[PDB]
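Student: Here is how the chains run, residue by residue.
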Amino acid sequence: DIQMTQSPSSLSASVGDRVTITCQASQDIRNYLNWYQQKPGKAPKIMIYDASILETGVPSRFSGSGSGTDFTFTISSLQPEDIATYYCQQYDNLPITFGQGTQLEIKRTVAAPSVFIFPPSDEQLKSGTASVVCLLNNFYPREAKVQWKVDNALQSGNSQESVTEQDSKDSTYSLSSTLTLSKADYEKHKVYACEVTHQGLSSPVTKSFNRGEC
Amino acid sequence: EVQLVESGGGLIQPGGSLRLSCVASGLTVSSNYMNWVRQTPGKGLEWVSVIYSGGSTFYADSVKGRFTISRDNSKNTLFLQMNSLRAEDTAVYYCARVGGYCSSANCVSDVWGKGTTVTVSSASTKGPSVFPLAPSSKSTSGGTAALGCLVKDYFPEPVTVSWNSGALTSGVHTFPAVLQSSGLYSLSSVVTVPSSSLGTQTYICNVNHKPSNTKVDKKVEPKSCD
Amino acid sequence: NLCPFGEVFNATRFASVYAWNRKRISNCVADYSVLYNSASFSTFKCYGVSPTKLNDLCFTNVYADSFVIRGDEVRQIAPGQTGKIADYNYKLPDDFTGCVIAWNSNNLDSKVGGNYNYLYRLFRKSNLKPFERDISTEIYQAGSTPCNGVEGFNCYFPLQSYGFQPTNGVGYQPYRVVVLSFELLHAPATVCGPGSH
Ligand SMILES: *[C@@H]1O[C@H](CO[C@@H]2O[C@@H](C)[C@@H](O)[C@@H](O)[C@@H]2O)[C@@H](O[C@@H]2O[C@H](CO)[C@@H](O)[C@H](O)[C@H]2NC(C)=O)[C@H](O)[C@H]1NC(C)=O
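Chains as they are written, first to last, in my numbering: chain A, 1 to 214; chain B, 1 to 226; chain C, 1 to 197.
Keep in mind that the hints were calculated from the coordinates and are not lab data.
Worth double-checking, as some hints may not be accurate.
With beta-carbon atoms standing in for the labels, derived distance ranges [to be verified]:
#, chain 1, residue 1, chain 2, residue 2, range
1, A, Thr-20, B, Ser-170, 33 to 43 Å
2, A, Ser-60, B, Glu-88, 40 to 50 Å
3, A, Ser-10, B, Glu-88, 31 to 41 Å
4, B, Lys-64, C, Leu-108, 34 to 44 Å
5, C, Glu-151, A, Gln-24, 44 to 54 Å
6, A, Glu-123, B, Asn-208, 35 to 45 Å
7, A, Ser-10, C, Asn-37, 58 to 68 Å
8, B, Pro-176, A, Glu-213, 31 to 41 Å
Beta carbons are placed, not taken as given, at the ideal position from N, Cα and C, and that holds for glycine.
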């Protein structure tokens, strides 16, 4: 088989910057190589035919070059309408092989996250489970530390984080950290808080609440 | 244009079978190299099977002996039968005509379908529980309030969420589902609204889980002191 | 008079696989030792016939088919094989009784910048019957819209060009293939070997 190696697996670049993605085949594939762009949630769309041919409708800023065992996919001026996962695929040799992928992230000004907290609802407490939801909204960069303080005690294992895709307009992210406990475990404590450490914050921000009411 | 509408994805126990169908529009499946390609979220794109116009079929090593590609020219549909399904076969499957073989003037049009999610697990289908992430002082900041709905303990995927039956659209962030330690998926759908709109405007989230026939319309009201 | 085996083997120019050449060996004596003694063959596989016993035999007719394909496609020139070449260019019968001889020809059929004279068939409705030759250049209709000889969307030229270059990988380098088919009909055998009474 033909092993395809795509580099890098993820890259971050500002708007208008030049983006270059390399792809290497384990053996000669001549020019039989396609480049695909897969938007978040959508299906892979054909972007570059046979290393160099540009699909109709694709802007002129996109370009492709290379032959044999080494290829390159280039975006001259990056625009936020291009954030996706890009793959290099070889055909004419079965099995058809793809690359590992390349995530595209738009750099922007550092944005502090808007931190909210949601205590477990009474409807959920009546079922025997308590889920506290810490929410960080509209921030950049994506990296952000979220710790759970329960009576000044770091809680690990219960938390579970989920980040949405980068917005195609603000180029920002949103994160949700859900901490799940049982009804007895939730009644064992009084103060629940999520402490957020981020680059846009001069110091960690803590959103807390007391069980029952403050 | 060329349309490739696919169907047949769903939950199936290990060892069971499943037939994926892919109907074409603007393309003759009996006159093209039709490919099935599955994409696991963790691994990426993976070629599965191909069928030639003349009738020749080829399958990948992870797939040989278990899957079978075929077609019906009268219905103009491409089929992929899957037997002895393992847990590793869990992926989103596409039907496509891999483009390329370009001359100086013309190329073969590369057209992919929409995709169907095939999940292979032993866990039984469970419906979601919808709880209100209520707005409050802790959720209000800068004149903007944050509310939402917590969809918890559902299997399998996916789950569709709307707000006010499609009316409220701006500022809606529906997080991707995460597989909890209990083997059940869970997600949240939050929305940011003006702080003054907490009294007049009514916010309702609509959660739909077709694998379990679960339709929930939960009204998220602000916190109250009873 | 000897059979013109060197006429098809050491020929300066070969045909494309879709328009494979055929030489009808008839009314001559053969020297199959000249074919075996040549150790420059990278692929030499005989199905049915015994190579040594082949010398002391007679046949009604012999057929020498010659063409050029890729390296990774030489495996398709075999009885009971499937692929682009075996189905849309050159098909061998499942009851094949002969020999397939393939040798690398990168130092003869390759050109820097690309030798685009060798072609193969990419699109075809039905598979090729054994020993069938389709040299049609009709625009292949890949959809439901008629083409009317014009090439465009869902209307593809059925012949793809090999990009034969001396710097290609081994799998994409040109390989010359000669297929010998020994036909023994109910007729006077006129192609005998060296050791025939
Ligand atoms: C194909 O290759 C060579 C051709 O031999 C030729 O001999 C002369 C006629 C000369 O004019 C050149 O064309 C060739 O050298 C055959 O192999 C042996 O080649 C050596 C030299 O390369 C030659 O001395 C031997 O006589 C050749 N052996 C023979 C003729 O039996 C080879 O056999 C040819 N293939 C066929 C099927 O005839």
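Student: It remains to establish, for every hint, whether it holds in the given structure.
Tutor: Quick rundown of the hints versus the structure:
1. Distance hint check: the CB atoms of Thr-20(A) and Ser-170(B) are about 36 Å apart, consistent with the given range 33 to 43 Å.
2. Between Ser-60(A) and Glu-88(B) the C-beta distance comes to about 42 Å, which sits within the given range of 40 to 50 Å.
3. One distance hint, 31 to 41 Å for the beta-carbon pair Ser-10(A) and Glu-88(B), is violated here, with the actual separation near 25 Å.
4. At about 38 Å, the CB distance of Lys-64(B) to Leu-108(C) agrees with the hint of 34 to 44 Å.
5. The hinted window of 44 to 54 Å between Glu-151(C) and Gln-24(A) is violated, with their beta carbons roughly 33 Å apart.
6. Between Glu-123(A) and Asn-208(B) the CB atoms are about 19 Å apart, so this pair departs from the stated range of 35 to 45 Å.
7. The beta-carbon spacing between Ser-10(A) and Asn-37(C), approximately 59 Å, falls within the hinted interval of 58 to 68 Å.
8. At roughly 33 Å, the beta carbons of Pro-176(B) and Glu-213(A) sit within the given window of 31 to 41 Å.
Against the hints set out earlier in the document, violations occur for numbers 3, 5, 6.
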